[PDB]
Amino acid sequence: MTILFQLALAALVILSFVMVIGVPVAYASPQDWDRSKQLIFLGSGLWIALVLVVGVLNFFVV
Amino acid sequence: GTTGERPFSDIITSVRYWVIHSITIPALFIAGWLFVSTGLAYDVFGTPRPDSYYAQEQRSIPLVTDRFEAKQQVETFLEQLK
Amino acid sequence: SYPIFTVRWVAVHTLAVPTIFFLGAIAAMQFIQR
Amino acid sequence: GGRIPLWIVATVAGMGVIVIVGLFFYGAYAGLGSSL
Amino acid sequence: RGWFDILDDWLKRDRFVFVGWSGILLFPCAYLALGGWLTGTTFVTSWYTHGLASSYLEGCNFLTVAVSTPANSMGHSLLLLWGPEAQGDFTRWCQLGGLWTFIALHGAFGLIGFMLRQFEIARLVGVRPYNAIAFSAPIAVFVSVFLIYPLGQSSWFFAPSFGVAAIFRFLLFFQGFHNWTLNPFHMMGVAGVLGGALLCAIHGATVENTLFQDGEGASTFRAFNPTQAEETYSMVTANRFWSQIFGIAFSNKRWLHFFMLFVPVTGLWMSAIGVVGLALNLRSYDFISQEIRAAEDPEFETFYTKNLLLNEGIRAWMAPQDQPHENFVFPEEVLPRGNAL
Amino acid sequence: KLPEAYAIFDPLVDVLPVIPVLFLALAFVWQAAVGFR
Amino acid sequence: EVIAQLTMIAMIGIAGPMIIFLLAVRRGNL
Amino acid sequence: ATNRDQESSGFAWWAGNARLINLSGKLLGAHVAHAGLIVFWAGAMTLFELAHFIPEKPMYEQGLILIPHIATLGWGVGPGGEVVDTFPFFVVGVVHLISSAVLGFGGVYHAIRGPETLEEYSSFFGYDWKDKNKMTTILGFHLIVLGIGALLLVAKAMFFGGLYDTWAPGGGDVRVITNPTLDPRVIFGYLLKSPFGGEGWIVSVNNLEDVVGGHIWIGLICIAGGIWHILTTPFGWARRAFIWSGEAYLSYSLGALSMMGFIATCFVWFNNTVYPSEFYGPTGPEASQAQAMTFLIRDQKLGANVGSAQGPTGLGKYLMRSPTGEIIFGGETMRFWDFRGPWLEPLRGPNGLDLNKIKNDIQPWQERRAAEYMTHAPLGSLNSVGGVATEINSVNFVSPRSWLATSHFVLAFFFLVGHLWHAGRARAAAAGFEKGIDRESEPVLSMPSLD
Amino acid sequence: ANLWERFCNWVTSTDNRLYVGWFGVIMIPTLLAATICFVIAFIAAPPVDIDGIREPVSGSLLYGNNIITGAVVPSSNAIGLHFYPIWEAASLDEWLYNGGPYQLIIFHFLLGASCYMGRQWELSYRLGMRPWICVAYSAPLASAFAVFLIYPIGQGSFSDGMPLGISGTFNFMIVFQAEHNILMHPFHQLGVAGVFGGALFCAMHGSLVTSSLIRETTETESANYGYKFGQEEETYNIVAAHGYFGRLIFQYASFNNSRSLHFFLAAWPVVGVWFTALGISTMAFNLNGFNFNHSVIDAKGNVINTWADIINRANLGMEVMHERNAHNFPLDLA
Ligand code: CLA
Ligand code: CLA
Ligand code: CLA
Ligand code: CLA
Ligand SMILES: CCCCCCCCCCCCCCCCCC(=O)OC[C@H](CO[C@@H]1O[C@H](CO)[C@H](O)[C@H](O)[C@H]1O)OC(=O)CCCCCCCCCCCCCCCCC
Ligand SMILES: CC1=C(/C=C/C(C)=C/C=C/C(C)=C/C=C/C=C(C)/C=C/C=C(C)/C=C/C2=C(C)CCCC2(C)C)C(C)(C)CCC1
Ligand SMILES: CC1=C(/C=C/C(C)=C/C=C/C(C)=C/C=C/C=C(C)/C=C/C=C(C)/C=C/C2=C(C)CCCC2(C)C)C(C)(C)CCC1
Ligand SMILES: CC1=C(/C=C/C(C)=C/C=C/C(C)=C/C=C/C=C(C)/C=C/C=C(C)/C=C/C2=C(C)CCCC2(C)C)C(C)(C)CCC1
Ligand code: OEX
Ligand SMILES: [Cl-]
Ligand SMILES: [Cl-]
Ligand SMILES: [Fe+2]
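Chains as they are written, first to last, in the authors' numbering: chain z, 1 to 62; chain e, 3 to 84; chain f, 12 to 45; chain j, 5 to 40; chain d, 12 to 352; chain k, 10 to 46; chain y, 17 to 46; chain c, 23 to 473; chain a, 11 to 344.
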């Protein structure tokens with residue numbers, strides 16, 4: 001499924017770009033530590049998922 | 003001490019400074035750009051465009067070889083490109 | 012209570028404004044084709 | 005009179021030179037002077 | 012209070028950038044040498060004088076742009092904008108080399124003005140004028156290379172042109188035509204310049220590594236207060252160290268800083284003299300005894316003879332393009348060449 | 010070339026190698042922010 | 017194309033100063 | 023502010039990483055974060071190279087330094103070093119890039135959120151620089167990790183497809199290594215070769231069996247020494263010989279890395295075995311020899327007896343003798359006669375180049391390699407104009423052997439300076455005068471005058 | 011105690027007129043070997059076949075040189091990078107013909123000068139000093155390593171090392187320009203900035219401190235006698251020196267912290283000479299200076315020469331004439 005791989009891959013890019021900015025901002029603002037220690041948590045697992053997803057799909061397109 | 007002028011650190015952080023220079027700096031840049039893109043700088047300074055170094059079939063440089071007939075040699079060379 | 016137009020003002024403007032003009036010129040040159 | 009913080013004017017100014025210079029190194033490969 | 016004294020007051024006001032009477036000469040001439048060089052490396056050709064592109068406008072980069080010398084056919088003309096050659100025509104002035112003399116002559120006067128400024132400020136602040144004195148060596152160099160050397164030659168064409176690679180060509184011309192490396196006056200100048208670099212580095216390092224601990228932090232820069240009476244480093248430990256490392260050592264701080272002035276200033280003066288000689292082609296080109304031996308003894312070879320062969324290659328391979336007004340035509344068969352290359 | 014699947018990312022792939030030098034510059038932006046204390 | 021490459025790197029390049037920016041606003045631990 | 027300013031830390035901003043010397047946690051973060059930067063670059067760069075890779079051009083005409091390291095391990099490559107599959111380059115690339123993200127995450131966590139010091143969170147991960155026991159233990163664990171990696175190269179050579187073997191009969195091909203060299207007289211014979219001409223110290227290793235064999239020794243040696251250091255503490259002579267501090271350990275490693283940088287420089291410049299010329303372009307010596315071969319072939323084809331052609335100097339124009347009598351190519355390339363290469367060695371006899379083999383046995387593929395290599399000599403300009411310094415613009419080429427040698431000499435030089443910097447400082451600091459001379463007890467004032 | 015400890019305290023004694031040190035244990039014998047061999051070879055060595063073509067070059071005074079032309083000649087191209095100790099020659103006559111003295115001198119010399127640098131560290135430690143003078147020396151040291159060791163390695167022969175002679179140095183420079191366009195190389199441009207600026211800052215600093223000596227003497231005696239060795243107060247007014255130099259340019263282009271000032275004097279020449287030593291060391295691997303030969307062409311494609319092209323014409327005259335008998339094949343690849 002071509003467009004489904006390119007969706008999964010840009011999902012990954014977008015989520016990385018969000019995580020690139022928000023993980024260090026979240027970490028150095030303690031006022032909202034617990035506010036966010038689940039957002040990076042869920043980001044991380046989401047991120048890992050897409051890598052695995054983009055990794056398996058690779059074989060049905062490349 | 004201080005010779006009395008306004009600290010530079012103070013001016014470049016002031017909003018008045020960037021209000022004025024948000025227009026003036028790009029304005030000068032765009033003028034310089036236009037100086038070249040209009041082709042004006044070739045003609046003010048006598049600098050060849052890429053088509054006017056040589057006549058089409060000549061392979062010799064328009065070297066000025068006389069001191070008081072010098073302005074005249076350059077004018078002859080340029081007409082020989084037409 | 013500072014002046015704005017000083018001798019220094021003239022100094023930094025006699026260099027600065029020609030410099031920006033010249034740069035815009037040179038920028039434009041990178042798009043000249045033979 | 006201080007309104008815009010210095011580090012921001014430095015970063016912007018800095019990025020502005022990077023562009024202009026980058027452009028000049030681009031021009032070394034393109035158009036006049038590029039050997040092509 | 013007369014009008015001269017009132018003017019004097021304003022010129023010598025303590026402002027961010029001191030003007031002075033010297034400024035009347037310095038600021039216009041310096042700004043115009045500068046300005047003219049930027050204008051010509053940005054916009055002006057060398058096509059009619061040298062057969063060369065020399066401006067950004069033409070595709071040259073920072074290394075290859077130049078304000079090149081006027082054509083040899085101009086002689087030593089002042090090349091005034093209003094003189095017989097350009098006749099007031101700015102565009103043809105640029106095409107004939109007028110920015111070269113423009114820059115060279117306003118630069119001469121701006122240099123005068125800077126030394127006068129050094130004198131002026133020294134007098135007002137109350138210090139001996141040794142910095143002005145030291146600036147005489149750069150003036151010597153500018154005058155000898157840019158003015159005197161062309162005036163002994165056929166024309167301003169053979170002076171240095173104002174650009175990076177242009178100056179490199181001047182270096183190589185001086186090897187190929189003058190054997191300038193062989194000149195003892197240039198050798199003293201090398202000694203003086205390399206010796207000044209040496210003294211710069213060893214003095215700075217020595218002070219930095221004999222500091223007294225005058226603060227508690229690891230960055231030692233903050234433990235110096237310019238009003239302090241006390242020496243910031245130990246002359247005594249520095250002297251012992253160098254006596255035992257190198258055998259001798261300075262012991263007198265005044266002698267040490269006079270030596271630092273002396274060495275490079277003197278080097279540059281000596282090299283100036285060598286170039287005055289080269290103005291006349293009065294070279295140290297050869298060693299007659301070696302030439303007499305070599306001409307008779309085909310098995311006699313030294314690095315001196317090897318280098319003349321290189322010179323001979325430089326002159327013949329670079330002359331036609333470098334001196335185009337001569338119309339040198341060298342058939343392939345006359346170019347000197349070793350085997351294969 | 011990249012595989013054709015990933016081709017759209019060529020412009021991103023072309024610029025990724027410069028990113029470690031941005032970290033070096035970023036440290037200086039950061040110190041200007043805390044004023045080089 | 018080159019506008020592609022340049023918009024990538026414009027976005028990546030601003031990403032750093034942004035972090036700094038948002039942490040100075042939200043008075044973070046710079 | 024925990025350190026983080028000049029007054030508390032004693033170090034200014036331009037020396038700010040010296041504020042981490044006793045903050046094991048933030049320090050850990052900087053090391054992991056920086057490991058992220060290394061893995062990032064191996065990732066982004068391989069993908070960049072791949073995007074720009076055209077498989078019909080030689081690798082060395084395309085500016086590639088990382089894809090040739092992968093090709094040399096046996097992936098993606100066929101006979102003659104032809105590229106048959108680029109997928110593995112993609113994989114190598116993507117996996118490092120993904121991994122840099124988790125090294126990144128873990129570094130930034132430790133440097134910002136994490137505990138600044140580790141020694142109260144856990145006695146295992148926390149350390150004092152002066153604890154000689156702990157330090158040799160950590161040293162031991164990294165020795166073990168390193169021995170393991172040396173054996174992953176063995177794993178690849180012996181069990182997982184082999185390695186690219188420029189010397190393989192048939193013009194080169196990937197080959198499984200089954201009989202690696204264990205004989206310590208060979209393996210450590212290399213260590214005792216002179217570094218001079220015709221010897222080459224370890225740069226002379228010229229077959230894959232010796233390469234794989236040496237990595238078996240090194241792996242075992244590193245694993246054993248790891249275990250040694252875990253169980254031992256430094257002896258008394260070693261305790262008295264060294265400075266025991268963070269900066270000093272840093273300085274020892276800068277010395278080592280400097281040493282290694284210089285050897286790598288020479289490896290890439292001289293060795294055509296683990297830096298195959300099919301991928302990295304010919305060596306300087308190889309291009310030069312290839313030119314003499316080329317014009318030997320041309321002139322021989324025209325009717326020249328190249329064995330008896332006296333050149334201008336009286337030496338042979340095409341062939342002459344080395345100072346021990348070997349027949350070698352003449353001309354300036356006389357200096358390069360130690361060169362050895364798959365395209366040339368078929369002409370080698372017991373006395374050097376064999377004139378019968380020159381007259382009779384040169385194949386078109388040797389003529390071909392010799393012309394390719396002479397026209398890709400590692401000479402070129404900083405803006406990547408290929409050729410001698412007087413060549414005109416046209417060919418856009420600088421050898422990756424030039425790029426890798428130059429860059430690593432520069433890095434090795436500056437790491438030697440860093441060694442001297444931090445070694446001298448660590449000694450001064452441990453004696454307590456790194457901040458200047460104590461005015462109230464200046465040592466020289468208590469010494470007798472020299473004269 | 012025992013003899014070893016007695017020896018050790020002598021070696022590291024701070025009361026020796028010249029410090030010995032452990033680095034000095036290696037430095038003294040190697041410097042002596044190199045100095046004695048160099049002086050004898052410069053006077054008496056017979057002609058040396060530097061380029062391996064049976065064309066001996068005479069370098070010594072007794073064989074017809076003066077002080078400017080004489081050299082100790084590099085070892086033969088036929089040797090390349092092979093090690094040629096005296097004991098590998100079949101006779102000293104052979105060793106002299108093939109350039110053996112050059113190898114002996116430079117190896118003992120590089121070794122001794124490396125230990126000179128170490129010995130600078132060593133005495134700074136015995137005296138209680140900061141340690142980094144030896145780091146400043148690394149810049150000239152690195153430069154020597156480049157012309158005697160690295161450049162030969164990259165090019166495959168000690169015959170392309172710098173000669174040990176005045177005119178031999180010039181030969182090496184001219185040939186380097188032809189084969190590398192070093193003048194167009196930015197590391198050499200940094201070297202020039204390093205030494206021009208070092209001489210500038212040397213003269214500047216000396217002139218400024220000299221301009222601000224406090225009056226301590228009469229007009230009939232040297233002002234040098236206004237400083238006494240080991241005196242506690244300074245002998246010049248640095249505030250006066252700043253006030254002259256701040257006005258000469260403007261206030262902040264001027265240093266008022268001696269430590270920062272002297273660290274700038276150390277750093278400026280050392281860095282530049284690091285870069286130029288690195289230029290020799292990377293041109294040794296043929297990453298050469300910028301090449302702008304025929305970079306400018308006109309609308310038709312005629313070549314519009316620039317000053318770079320004129321440099322190339324001089325380079326070309328150097329190239330085709332150097333070692334005029336040594337090339338048989340069209341490209342000079344090392
Ligand atoms: C990263 C690598 C590394 C490092 C940093 C160390 C560091 C150390 N080791 Mg360990 N070691 C390692 C790997 C390493 N080791 C491995 C792999 C092994 C297994 C072989 C060992 C086996 C080992 C033993 C058996 C001992 C140490 C000891 C030590 C300590 C003193 C070292 C010393 O004096 O330097 C070396 C300094 C010297 C003065 C040695 C002589 C060096 C001369 C001048 C050079 C020539 C000989 C040289 C040994 C090798 C020849 C190479 C040549 C052929 C090119 C030090 C903590 C000692 C200790 O205290 O034990 C707890 C000790 O006795 N190490
Ligand atoms: C310190 C200021 C200064 C100085 C020293 C110079 C010097 C020079 N300029 Mg530059 N110039 C300047 C400012 C200056 N200029 C400024 C501000 C500009 C911008 C407009 C220029 C623009 C410029 C151009 C465009 C050119 C020069 C040129 C020249 C050269 C020839 C000038 C000449 O023949 O003068 C002739 C005029 C005089 C010598 C003035 C005479 C003064 C009086 C009238 C004499 C009579 C005195 C009287 C009898 C007694 C009165 C007593 C008193 C009490 C009242 C010379 C190198 C030329 C050049 O470089 O070409 C190669 C050229 O082409 N200049
Ligand atoms: C490889 C480069 C490198 C690394 C890894 C470090 C790491 C570190 N530095 Mg050093 N430093 C460097 C280069 C580096 N530095 C350079 C070049 C300079 C000179 C300009 C300095 C000057 C310097 C000073 C002056 C100080 C440090 C300090 C520190 C430590 C804490 C800094 C802090 O509080 O951040 C605070 C900053 C922020 C919270 C802003 C955000 C920063 C984050 C890390 C940006 C991450 C963005 C990135 C894209 C990650 C997101 C991706 C995600 C998927 C993981 C930290 C361990 C400090 C220290 O020692 O602590 C006592 C300190 O005082 N450094
Ligand atoms: C050498 C690097 C290194 C070191 C010494 C540490 C050490 C520490 N970290 Mg960090 N950390 C690292 C890298 C490192 N970490 C990286 C890369 C990440 C991101 C993934 C993190 C993320 C992280 C977080 C988020 C936290 C820590 C915490 C801790 C502490 C407890 C961790 C523990 O007990 O693990 C237990 C160990 C195990 C269960 C063993 C299994 C671990 C894996 C599965 C084995 C992988 C081995 C692998 C093959 C090695 C090669 C990797 C690669 C080169 C191929 C300790 C001080 C914690 C802390 O400080 O508490 C506040 C904490 O909260 N670290
Ligand atoms: C603390 C104070 C100590 C300082 C002492 C100063 C040292 C003085 C330097 C003397 C070094 C030169 C001595 C060389 C003897 C020559 C022997 C010989 O026959 O060659 C002498 C000649 C040298 O070569 C010939 O020199 C002649 C001039 O006298 C002619 O000009 C010939 O043309 C020229 O070729 O060559 C031979 O005879 C060939 C001999 C080869 C085999 C013999 C083995 C010799 C071993 C040489 C080892 C010397 C190493 C010196 C180490 C000493 C260190 C203290
Ligand atoms: C892989 C990937 C990724 C990631 C990325 C990243 C990782 C990024 C980062 C980024 C960064 C990391 C960046 C940064 C930047 C920076 C900058 C931009 C800076 C600059 C600087 C400046 C400009 C400076 C200036 C100055 C100052 C400030 C002060 C002093 C002076 C000066 C002037 C120097 C993504 C997501 C995309 C996805 C895809 C893939
Ligand atoms: C601490 C600190 C620092 C440092 C930092 C660092 C050093 C960091 C690092 C970081 C890192 C190291 C990061 C990383 C990241 C990365 C990522 C984010 C990745 C991702 C990836 C992806 C996303 C991919 C994708 C793809 C694919 C899969 C296929 C092909 C295509 C593409 C590429 C698209 C500084 C100095 C600044 C400041 C101070 C503090
Ligand atoms: C892998 C391989 C191989 C093998 C390898 C091996 C087996 C290695 C060995 C290695 C080794 C086994 C090394 C060693 C090293 C050592 C060293 C480098 C040392 C150093 C030392 C030092 C540094 C010392 C110092 C000192 C002194 C002397 C006195 C007192 C003070 C001190 C302690 C500081 C081969 C070639 C076959 C091939 C390819 C691959
Ligand atoms: O030896 Mn002395 O110089 Ca260096 O290149 Mn090849 O080789 Mn020879 O010619 Mn050019
Ligand atoms: Cl020659
Ligand atoms: Cl040849
Ligand atoms: Fe001083």
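Misleading hints may appear alongside valid ones.
[What the hints assert, rightly or not] Listing some non-contacts, in silico: residues in chain z with all C-beta distances to chain y over 12 Å:
| id | residue |
| --- | --- |
| 1 | 5 |
| 2 | 20 |
| 3 | 21 |
| 4 | 37 |
| 5 | 43 |
| 6 | 46 |
| 7 | 51 |
[As the list claims (entries may be wrong)] Computed Cβ-Cβ distance ranges for the label pairs, DEER-style:
| id | chain 1 | residue 1 | chain 2 | residue 2 | range |
| --- | --- | --- | --- | --- | --- |
| 8 | j | 17 | y | 40 | 16 to 24 Å |
| 9 | k | 44 | c | 43 | 20 to 28 Å |
| 10 | y | 40 | e | 53 | 49 to 57 Å |
| 11 | f | 16 | j | 7 | 18 to 26 Å |
| 12 | y | 34 | c | 214 | 54 to 62 Å |
| 13 | c | 332 | a | 281 | 49 to 57 Å |
[To be verified] EDC-like, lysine to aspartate or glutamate: derived pairs with alpha carbons at most 20 Å apart:
| id | chain 1 | residue 1 | chain 2 | residue 2 |
| --- | --- | --- | --- | --- |
| 14 | e | 84 | a | 308 |
| 15 | e | 73 | d | 100 |
| 16 | a | 238 | d | 242 |
| 17 | a | 310 | e | 53 |
| 18 | d | 23 | e | 7 |
Simulated from the structure, these hints should not be mistaken for lab results.
Just so it is clear, CB atoms sit at the ideal spot from N, CA and C, and this is done for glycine as well.
Hints, one by one, checked against the model:
no.: 1; hint: 5; verdict: holds, 20 Å
no.: 2; hint: 20; verdict: violated, 6 Å
no.: 3; hint: 21; verdict: violated, 6 Å
no.: 4; hint: 37; verdict: holds, 15 Å
no.: 5; hint: 43; verdict: holds, 16 Å
no.: 6; hint: 46; verdict: holds, 19 Å
no.: 7; hint: 51; verdict: holds, 20 Å
no.: 8; hint: j:17 to y:40: 16 to 24 Å; verdict: holds, 18 Å
no.: 9; hint: k:44 to c:43: 20 to 28 Å; verdict: holds, 23 Å
no.: 10; hint: y:40 to e:53: 49 to 57 Å; verdict: holds, 55 Å
no.: 11; hint: f:16 to j:7: 18 to 26 Å; verdict: holds, 22 Å
no.: 12; hint: y:34 to c:214: 54 to 62 Å; verdict: holds, 58 Å
no.: 13; hint: c:332 to a:281: 49 to 57 Å; verdict: holds, 52 Å
no.: 14; hint: e:84 to a:308; verdict: holds, 17 Å
no.: 15; hint: e:73 to d:100; verdict: holds, 9 Å
no.: 16; hint: a:238 to d:242; verdict: holds, 12 Å
no.: 17; hint: a:310 to e:53; verdict: holds, 7 Å
no.: 18; hint: d:23 to e:7; verdict: holds, 16 Å
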